[PDB]
Structures are given as structure tokens and as C-alpha cells.
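Only one protein chain is missing; all other protein chains are in place.
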Amino acid sequence: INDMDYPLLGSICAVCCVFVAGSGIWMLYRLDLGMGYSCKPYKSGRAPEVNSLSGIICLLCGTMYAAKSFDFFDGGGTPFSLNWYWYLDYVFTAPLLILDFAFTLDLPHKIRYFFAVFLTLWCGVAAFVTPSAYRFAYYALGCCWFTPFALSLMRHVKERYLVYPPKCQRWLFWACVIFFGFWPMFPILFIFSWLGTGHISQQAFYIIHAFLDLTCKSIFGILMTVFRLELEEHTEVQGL
Amino acid sequence: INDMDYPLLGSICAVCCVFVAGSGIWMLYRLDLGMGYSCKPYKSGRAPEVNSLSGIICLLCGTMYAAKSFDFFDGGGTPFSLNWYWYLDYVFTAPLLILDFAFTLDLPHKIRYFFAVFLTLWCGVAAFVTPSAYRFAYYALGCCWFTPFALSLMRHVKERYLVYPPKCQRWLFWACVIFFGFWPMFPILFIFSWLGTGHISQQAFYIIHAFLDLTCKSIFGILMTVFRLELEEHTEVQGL
Partner (left out) sequence: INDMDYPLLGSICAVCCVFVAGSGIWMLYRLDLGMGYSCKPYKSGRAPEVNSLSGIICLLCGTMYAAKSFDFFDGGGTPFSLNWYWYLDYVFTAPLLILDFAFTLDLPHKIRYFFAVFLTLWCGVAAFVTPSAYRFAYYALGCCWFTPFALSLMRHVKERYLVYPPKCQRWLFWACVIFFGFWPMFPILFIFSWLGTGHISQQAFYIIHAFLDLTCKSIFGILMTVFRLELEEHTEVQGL
């Protein structure tokens, strides 16, 4: 229903777009500055390609949020909305997050996790354009794709967490809190939204998801950058 | 025309979705169990990333068929159909099949084959939403992309078939029968469907394509897994 506070939504999207993009520019700037937590001009001179994935997602999320803000400023309903089809932008970003996490931790089965999230979001996308009882059918299919992905990622994370130093474990623990404390919240909001239970209104749904992207995209990326800085120095500069 | 036996279509799609997904879960389970046909815990401990492509496609095809079954149970015409736009799901799966086949056989020019199938399917997708004489124009363009792909894949397969042991050649021969015995059947069904000649009705078109996916996705994957098991043991455990 076209009765929500659209200018508030645009302002919220504009504010987070600046925050996510600014964080992404920092980590990209920080990455090429030096390998270790202090500084290192690289042995070969150039940073690894996969290490920049965290920064690009924030800019990708920032660009996605910039388009969202333009949609809300125009009152919504624009031909290029990125808000009419929910989770559609997340299809481009969320699979890259776990891919970045896999590369950072060297977790095997990266391609399996990649398609797990990619198909998990796609089932979620199909689970609201269907105004029938099968809306939860796609929701169930997504959970069937996410639960064995939520699991088997806790295994590998838990197995490798005991190897890293406590200094590196610090951020890694916080990243896992971001990982396994806020990603499972996305299905819960879907149940309680107007699509399911109805506790969350449409206006609140955009706002809370706007707030549940700095932690998932920006702050999680920031932790990954710092954790990489601790990882890089400890492994290379500290030689451990 | 909305007069076909939709509940039959949903039941057929549901049955094959269970079969394709179950086969995919097996080969993923079988892969991490052990390298050789018997068992091997890997030298490095982790399976190669590209070896899991066969399993993911079946789950990808199973998830795609699960969405098809939901569409047919709801009587069709759902906003997220995956049946209104034919071959659209195949765009996500078919290029990965040859990519898996290329990696299994180490066939060069993988990227060329990948884009060959990717553009071949896309031309097929555009060749039914066009209710005019240009429907066959996109069909001709797809064949122009597929015939030099159907060829030059027979070359490389034939050249390498003489190298493998007869034990491995067994499955490889059967895979090539699946490869070069059923993929060329997709264009033929298009000609004889209501889009072209009209011999095949709309109801029969979904059913036969539902039956022509276990062989292409599941059974072909199963052969690839067993052929890999024979390849892996013969090369590593048997040292040949």
C-alpha cells in the first residue's frame, strides 16, 4: 500500500549508502596501503585479487542502496526499483560475502557454499511474488537450502577457530557473531512481516532491513579487513 | 492453452525433483567419502573444487524442478513460474554441465564451450517469445552456435577416448551416449512441438522434457561421478 513514509525511507537509504560506500572505500584504501596491520608494500607489489572482495561488496551494496534511495525519493514504483523485488539485489551480494569469508579462512567447498546462498536467496525472491499458500513453499525450500548451509559452516569455522591466535580469534569471533547472529534473522523477519505473521509492517520492513545491512555488509566487511590485517601480519610479518 | 493436466505435471516434476536432488546428494556424499572407487581420505584432505560441480547441478536442477512443481500445483501462471520462459533455467545449468565435463576430461577451450552453450540456450529462449516467422531465426542462430559446439567436442572426446583404460572408457562411452544422443534431441523436440511442426502438444512437451532431464542432469552426473571414481583410482590409487 502506497502510504508509507517514503522520504524517511529515502533518507535512511541515503544515509546507509554513504556509510556502506565510505566503509568500502576505506578498506579498499587500507588494503593497498600495506599487508600487515601496520604496513607492508607486498612482496610482489600487488595485493591478492580475492582480498578485495570485501571492499567491492560494500561499494556494490552502496551502489545498490544508492539506487534504492533514488527509488524512494521518487515516491517508489520506479521502473528500475530494486525494492519491488526483494532480495534480488542480495542475489548479487550475499553469495560474494560467503565467498570472501571462504577465501579469508581458506574454507574448502567454496563453490558449494556459493550456490547454497545463491539458491537460498532465489527461493526467497520467489517467495513473495506468489500471492498464495505456496509463498511458504518457496520459503521452506530456501530453508532446506540454508539450514545445511548454516550448518557445515559452523563446523568448518569451529574447527579452524582453535588454530588462529587469540588476537585474530577476536575479530573472527565477532565476524561469526555477525555471521551466525544476523543472517538467521532474515528468515525470521520474513515470517513476522506482512508476508507471513504480519507483526512487521511494510514501512518497518524496509527500515529494519536497511539497518540489517551495515552489520552484514559494512561492519562485517570492516571486521574481515581488520581480521585480515591481523591474519596477514601474524602470518607474514610476525611469521606465525 | 490452460487445459493441460496440471496436477499430473506437478506430480511428474515432484517425482523427478526428488530423484535429481537425491542423486545429487549421493554424489556429493560419495565425493567426500573417498577419492578412489573404493575410498581415499585425500592427500591434502579436501576434494578439488571443480569435482563438486556435477553434484551441485543436480541440486540446482532439483531446486529448479521443485519450483516447477510448485508452479504446476498452483495451476500454473504463477509470478515466479520457471515454466513460462522455457530453457531459462537451462541457462543456469546447461553451461555448467559441459564445464564439469571439460574439467573431468581436462578438455581445453572450456571458456569457449561455456559461452557456446550459454549463447545456444539464450537463442533458444528468444525463439518462442517471438510469435512470428523470426521464431526460427533465433532457432537457426542457436543451431549456428550449437553445431560447431556439437562438433569440436566430438573431436576432443574422440581423441582422448583412446587414452583412457577400458574400465574408464566404459562410463565415458555411456556419458558420450548421454551427451551426443540426447542433447541433439532438444532441437528436434522444438521443431516438432506446437512452436514448430506441431506433432508434440504442450502437455506432452513438459512431460518429455521432464523425462529428458534425469538422463541429462542426474544420470549423466551419476556416470560422471562413477567415471571420476574410476579415473581417480586408476590415476592415483592404481598409479596409472
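Chains: A and B, in written order; residue numbering restarts at 1 for each.
The definition used in the following text is that a residue touches a chain if its C-beta (ideal position, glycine included) is under 8 Å from a C-beta of that chain, and two chains touch if they have at least 3 such contacts.
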{"item": "Listed residues B:14, B:18, B:125 or B:150, member touching the removed chain", "value": "B:125"}
{"item": "Contact residue for the chain not shown (choose from A:11, A:78, A:152 or A:215)", "value": "A:78"}
{"item": "Given B:86, B:138 or B:183, the one touching the chain that is not displayed", "value": "B:138"}
{"item": "Positions on subunit B contacted by the hidden chain, ascending", "value": "108-112, 115, 119, 123, 125-126, 129-132, 134, 137-138, 141, 145"}
{"item": "Contact footprint on subunit A, counting only the chain that is left out", "value": "28, 46-47, 49-50, 52-53, 56, 59-60, 63, 66-67, 70, 73-74, 78-80"}
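Convention: only the chains that are shown with their structure count from here on.
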{"item": "Approximate Å spacing (C-alpha centroids) for the pair subunit A, subunit B", "value": "31"}
